[PDB]
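Single chain ahead, by itself, as structure tokens, in the form solved without the named molecule.
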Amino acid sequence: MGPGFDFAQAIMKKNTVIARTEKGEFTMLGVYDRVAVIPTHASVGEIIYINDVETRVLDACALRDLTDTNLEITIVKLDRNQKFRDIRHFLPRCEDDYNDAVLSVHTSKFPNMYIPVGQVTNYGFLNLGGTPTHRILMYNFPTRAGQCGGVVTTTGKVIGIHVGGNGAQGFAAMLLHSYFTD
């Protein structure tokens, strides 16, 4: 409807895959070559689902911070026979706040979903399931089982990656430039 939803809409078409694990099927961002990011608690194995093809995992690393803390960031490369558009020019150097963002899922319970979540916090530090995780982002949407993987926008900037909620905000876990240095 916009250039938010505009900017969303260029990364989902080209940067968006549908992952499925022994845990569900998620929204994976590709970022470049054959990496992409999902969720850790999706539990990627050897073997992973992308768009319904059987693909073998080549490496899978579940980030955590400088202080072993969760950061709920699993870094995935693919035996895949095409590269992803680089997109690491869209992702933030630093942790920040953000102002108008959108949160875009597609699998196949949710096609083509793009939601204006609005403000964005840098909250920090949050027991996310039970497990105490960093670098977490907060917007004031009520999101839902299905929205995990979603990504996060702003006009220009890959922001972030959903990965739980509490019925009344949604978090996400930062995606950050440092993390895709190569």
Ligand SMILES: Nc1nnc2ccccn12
Contents of the next structure:
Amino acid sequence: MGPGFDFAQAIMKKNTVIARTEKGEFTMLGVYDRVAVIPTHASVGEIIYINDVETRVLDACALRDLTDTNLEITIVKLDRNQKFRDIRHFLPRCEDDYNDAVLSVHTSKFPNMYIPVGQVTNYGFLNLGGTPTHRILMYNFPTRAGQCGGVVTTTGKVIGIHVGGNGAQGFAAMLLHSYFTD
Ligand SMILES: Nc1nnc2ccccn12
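What about the form solved in complex with the named molecule, after the form solved without the named molecule?
Next comes the full complex, this chain leading.
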């Protein structure tokens, strides 16, 4: 509907797949080559479904900060015959607050879904489902089950993936450029 939605759509149309684990269907962001991200609570195993195709997982790494605290991001390398567009230059280098973000979801339950969530706070610590978690972003939108993995963007930046909510607020795990150096 406006330039935030333009950037969000450009990301969704080229850099997402539908990932299915035993824990559900998730929006999954492809970042570069065969490397994608998904919330750690998806419990990625040795095999995952990508757009309903059985796919071997070559590597899966549940990220933690240097205090050994959960970050809720799992980096997955997929045994896929095709690379993602490289979007690493749209990842922030540092923790930050943002204005006027969009949360975008694409699953069987919620196809072509876009949500203007407004201001995004560097919230920091969250007890997420009982698990101490760091580098959490917060937005004041009543997100729901089905939105996990959803991409949080501003114009020109991919800043996080949706990992939870409390009924009134939503929470995303930060994406940082430093997670995807090779
Ligand atoms: N997954 C998720 N995102 N937002 C919420 C809110 C309530 C319950 C679950 N949620």
